[PDB]
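Take a look at this single chain, the form solved without the ligand, given in structure tokens.
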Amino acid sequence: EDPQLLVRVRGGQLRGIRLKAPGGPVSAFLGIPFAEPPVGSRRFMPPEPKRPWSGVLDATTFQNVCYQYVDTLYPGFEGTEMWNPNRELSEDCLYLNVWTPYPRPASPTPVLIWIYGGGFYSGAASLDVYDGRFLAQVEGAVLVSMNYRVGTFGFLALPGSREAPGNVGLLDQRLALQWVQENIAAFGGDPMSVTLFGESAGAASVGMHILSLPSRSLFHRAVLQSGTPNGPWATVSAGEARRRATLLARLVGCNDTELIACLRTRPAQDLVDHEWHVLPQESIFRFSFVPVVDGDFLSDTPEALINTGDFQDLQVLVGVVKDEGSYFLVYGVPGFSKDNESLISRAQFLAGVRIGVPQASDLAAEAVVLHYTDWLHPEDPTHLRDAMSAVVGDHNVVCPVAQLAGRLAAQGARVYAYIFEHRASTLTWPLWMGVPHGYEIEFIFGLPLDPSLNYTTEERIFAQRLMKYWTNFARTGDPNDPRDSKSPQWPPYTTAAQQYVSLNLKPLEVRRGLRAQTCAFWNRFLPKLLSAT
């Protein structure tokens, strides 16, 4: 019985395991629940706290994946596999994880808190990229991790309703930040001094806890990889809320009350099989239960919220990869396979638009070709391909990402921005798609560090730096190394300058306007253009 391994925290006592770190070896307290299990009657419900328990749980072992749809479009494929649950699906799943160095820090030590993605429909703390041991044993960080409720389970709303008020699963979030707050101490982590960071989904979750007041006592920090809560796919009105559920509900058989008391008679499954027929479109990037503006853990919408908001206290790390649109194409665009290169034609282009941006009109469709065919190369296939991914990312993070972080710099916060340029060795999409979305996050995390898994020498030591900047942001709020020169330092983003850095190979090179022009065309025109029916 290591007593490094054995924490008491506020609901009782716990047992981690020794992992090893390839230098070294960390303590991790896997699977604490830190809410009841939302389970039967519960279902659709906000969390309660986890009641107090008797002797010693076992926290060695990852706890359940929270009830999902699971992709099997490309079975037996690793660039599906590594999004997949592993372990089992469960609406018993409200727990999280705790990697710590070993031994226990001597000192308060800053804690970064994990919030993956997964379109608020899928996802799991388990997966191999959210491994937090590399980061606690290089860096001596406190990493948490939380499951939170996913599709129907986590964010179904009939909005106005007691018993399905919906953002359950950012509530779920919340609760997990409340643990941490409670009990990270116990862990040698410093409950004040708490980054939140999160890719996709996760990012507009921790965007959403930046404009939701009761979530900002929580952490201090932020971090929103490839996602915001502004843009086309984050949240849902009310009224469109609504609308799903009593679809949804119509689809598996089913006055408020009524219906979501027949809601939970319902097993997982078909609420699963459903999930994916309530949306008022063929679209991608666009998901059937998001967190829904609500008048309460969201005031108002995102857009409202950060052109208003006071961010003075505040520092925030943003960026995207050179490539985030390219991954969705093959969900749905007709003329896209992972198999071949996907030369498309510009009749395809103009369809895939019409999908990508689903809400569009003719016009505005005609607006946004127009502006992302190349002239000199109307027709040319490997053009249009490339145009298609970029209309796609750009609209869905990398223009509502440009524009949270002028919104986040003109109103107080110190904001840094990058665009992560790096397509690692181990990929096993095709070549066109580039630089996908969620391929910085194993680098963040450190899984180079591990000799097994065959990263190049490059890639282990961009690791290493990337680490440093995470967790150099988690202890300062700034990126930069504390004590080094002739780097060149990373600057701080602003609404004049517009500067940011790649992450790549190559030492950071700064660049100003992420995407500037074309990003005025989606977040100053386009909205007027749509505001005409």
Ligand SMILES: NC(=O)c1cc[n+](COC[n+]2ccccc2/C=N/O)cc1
Given for the second form:
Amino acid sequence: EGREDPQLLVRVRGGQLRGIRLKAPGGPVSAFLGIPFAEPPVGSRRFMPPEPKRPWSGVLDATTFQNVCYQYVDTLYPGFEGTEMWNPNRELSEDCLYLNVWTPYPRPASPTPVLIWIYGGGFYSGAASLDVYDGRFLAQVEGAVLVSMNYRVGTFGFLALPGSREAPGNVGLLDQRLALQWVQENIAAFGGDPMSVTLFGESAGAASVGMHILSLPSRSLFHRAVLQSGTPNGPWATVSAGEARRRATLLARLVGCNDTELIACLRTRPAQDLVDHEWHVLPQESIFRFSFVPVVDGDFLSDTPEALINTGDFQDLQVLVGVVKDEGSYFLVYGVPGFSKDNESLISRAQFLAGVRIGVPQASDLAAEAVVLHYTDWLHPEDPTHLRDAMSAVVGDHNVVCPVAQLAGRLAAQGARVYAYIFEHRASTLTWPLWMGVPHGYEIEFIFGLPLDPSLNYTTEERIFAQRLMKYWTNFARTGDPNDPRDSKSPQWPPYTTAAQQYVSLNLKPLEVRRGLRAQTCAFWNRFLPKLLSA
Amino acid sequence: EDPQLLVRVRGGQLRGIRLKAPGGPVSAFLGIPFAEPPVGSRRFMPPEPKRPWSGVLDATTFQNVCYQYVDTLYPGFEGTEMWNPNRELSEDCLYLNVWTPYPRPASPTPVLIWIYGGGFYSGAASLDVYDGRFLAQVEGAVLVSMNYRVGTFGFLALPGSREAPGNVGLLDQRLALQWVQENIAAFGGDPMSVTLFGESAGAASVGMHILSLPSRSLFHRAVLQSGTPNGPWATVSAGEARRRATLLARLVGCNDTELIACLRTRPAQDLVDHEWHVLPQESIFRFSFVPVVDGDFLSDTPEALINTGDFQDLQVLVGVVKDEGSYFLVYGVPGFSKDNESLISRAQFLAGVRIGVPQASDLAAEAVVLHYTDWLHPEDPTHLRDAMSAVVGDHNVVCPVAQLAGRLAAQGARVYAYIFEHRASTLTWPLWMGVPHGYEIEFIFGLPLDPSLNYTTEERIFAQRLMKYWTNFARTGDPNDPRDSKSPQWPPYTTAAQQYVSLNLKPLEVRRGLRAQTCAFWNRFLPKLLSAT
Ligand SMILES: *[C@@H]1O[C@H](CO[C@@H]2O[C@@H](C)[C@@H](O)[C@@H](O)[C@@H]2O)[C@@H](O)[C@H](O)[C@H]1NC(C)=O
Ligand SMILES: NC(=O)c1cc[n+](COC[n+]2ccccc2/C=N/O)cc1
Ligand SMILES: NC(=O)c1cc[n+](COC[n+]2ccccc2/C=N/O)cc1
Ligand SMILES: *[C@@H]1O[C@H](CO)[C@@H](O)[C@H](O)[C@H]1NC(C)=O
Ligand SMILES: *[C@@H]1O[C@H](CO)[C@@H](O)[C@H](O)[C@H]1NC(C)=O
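Okay, that is the form solved without the ligand; can I get the form solved in complex with the ligand now?
Complete assembly follows, chain above in first position.
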């Protein structure tokens, strides 16, 4: 120490850190990347809850992202930007429990509201180090303190033998919770306010946020939450104990392995062997379904997300929730025959009915026919364009839009302040075909402020749009209200209520208020389909 | 003695009456016996042809109304009373009426045969709304209407028995159709151009004649207004008919011969008094004694026969009014009245659904409620009221119509479809009821052309348009004016395009898909849900 930048040296509970001055378009930011928040969950620690990081000696270099948690790498369209943007950008390792902090430079003078990002990727993938999660624009433009953590995914994070000591399940969620605890203890060192912490995440990340809302030990660790295209309730975000046990014990067989013996044997297996087999344990040909996800354990989750949202008191909570225009389309090209990024994906009626079975894999025959009946345009029942778009809607509505509608409704009925959005702008830079619309995940780059980087080739309107979104999000973090307190001229974003069911459109035009989030179709999924299942 | 009013038919001579239509005179021959009075041992039996008569039979007056239940819900209210018998009740009621131009047509004229509705338990060809003079004067039509037995008298069945075979009210209709074939040329009618039209239960009757081979040689084209042979109310199975007749016989104090013989001893009103007590559930748009799938008149269910029939040489005009269900709500569903806005609660909506869809399981009724609830306005009483009407209308009329139209079109029939959306300015029902079941008839028959009735001038012009569609249809099987070169045209209904027209005060508008999404629920999904359960 002595010749370095004095404004980049910070101490946390575990010791000294040296960060890096990053260039954001408007000026410098401080980044502290690859901060360990847990003991490496390796060897005998695999499948186990994380233990806090033991203090280090000396100055830990925090200038580069750390390892990505061991994971499956999607190889469907090799070298295609649309798929590669989500793939690991650092070495895959089980030694991966590290977090990242961005702050203004120099660090804020007074306690600053903190945003904690939890990435998505089906609970089998993702990294806090991806370019779309770059906290420098929020830090620089909004003065935000931004934190993102890595958490264990796939088997390493979610393989459970429920009731066991050695693989109790949900440890990827405990990884996240430990980062939240780390922020509570340490964020003040960076100028962050531990008394104002907002969780935000997308897809599996948003399910994860919602699970922290529903899990008491987490509720002391944050104040507001944003759920983007994901929910703890719904068909994909959790599995019963029995189903987790079944999947884990099948995975075990598939790799050559009393839970103690089974688990001991799984711990002797190469990380890649587990990854190579994880996808093989799904009970049906599916899309938008993932092998190793949070388990209703009677611990982290004391009951099903459905039951917990229905009976919970959510008085002291503000939540921002929303969806993109086309939640389902991304998933079609990965498992539904007739669908491709490289053509118009105009499908036949036969391909529609096969796709409903894949998209709603838990459905009986009658339930599947109810879905088909509902989603068919009976004026044009064989029209390939309508069938393609209805297949998309089926998947989007079932997995995202209607779970989101359900969550916003239950939360608002029970005292939470809720704000709802539909994100409808398709990035001019998008590499997916037009038919896919505004796919799952393609709002993130705007919320994080990437269009502000002149080297990325977004339009001027997209720059301004991104700035708007950054304001909503940081205004919400700051106050639990995304509206500008100053700006009475701009259109206002009303809270979502059960009575009026209001939400706003997020696109290049000013905020437009709409009513009912697929109210008619979501009654099908949320009220009728359950009753039809049990019959 | 006016020679225009003297006609010889196979049974003998008839004397009709010169009636006045606003345009000029018409010849009416009313109260012509087409059958032996179905009295005594003939009760419940098929009709027999009327024996020849001596001298000149007086046909200047409507005959008696077939014995039936008279409605008492709103006594002396024109909206209910206009359907009530307007001549004396009698089992001796098998008579028919013929209007013709005056002087009678110079050349063979297309015949329209009206079959009234009234749920198979009521109705008469003598009601003012079925008055054939306007069509005869203005359109030059030969119009025929018959009485046919209704209620237990027309439809009580002990299927398999010789003496209560079921379907005799339909056999009455058929006999009148045979009468027209044998006799109509004497009035100037063309027996080679006969068009059946009817409404509600009369439209279902028309559809049954389409589905029964012996009837098919007796007509060439058909119009079904607000009713179909298929659907939840128009027919019962043989088992359910047997059970209903056995219950009724039990109720009045009565081996089939023995049971039927005892029923024939009972005064007519004793049967009517217990008619309504044999329904399996509390319901609306459900009727006690209706056509029975006997394996004879109906060789299979209307559903089976429409699915598998060959309808190549047939033209059909089918349609519905804007608010098929509203009428039925005041007759069984709590919270509904003509005397207020009938704004209902959610609880009253679920209860109404069990009554409106009486055959529904808990789960099926829940599907109905969930489909018809506006989830933006779940508890809005105006929405719940209109949805209740729609449930009844769709279930009983709109969706059966769409189903029939589609099967007929797919199987070779030339089909035209309409929705009728003009509410008479003279209607005595409240506004919330909209355009109720039955309230297009007065327009088709041309009553607005009568200045004394106080319809608006626009309604007279509209009634004239409709009379033209119906008679053009009768003449040609195409309702379009053959020398009207701007319109636009009324296209045939097909399964691909599903085109139908709106009939209102504005020019024809073509629409596609007659409640397509909702009727898929009723026509495709419900059958699978009830059966599976
Ligand atoms: C659209 O693409 C699907 C899969 O593509 C395979 O990839 C595409 C790009 C084709 O060009 C061909 O090489 C392969 O079939 C097909 O399943 C689907 O049928 C395609 N749509 C049509 C009819 O071209
Ligand atoms: N291990 C797994 O559960 C798994 C499940 C699904 N996929 C499929 O990859 C397609 N995909 C790619 C990106 C995001 C989600 C999805 C899921 N679609 O069902 C890979 C691994
Ligand atoms: N005998 C019967 O089945 C019966 C059924 C219904 N009503 C009540 O009249 C109401 N109504 C009046 C005109 C046309 C049909 C209806 C049927 N509503 O359920 C009387 C007798
Ligand atoms: C942006 O545009 C420039 C200039 O045409 C091009 O060379 C560069 O590759 C583009 N970058 C991206 C990320 O699209
Ligand atoms: C109107 O009258 C009906 C029947 O008498 C009654 O149930 C109700 O009080 C009124 N309708 C509603 C539900 O407003």
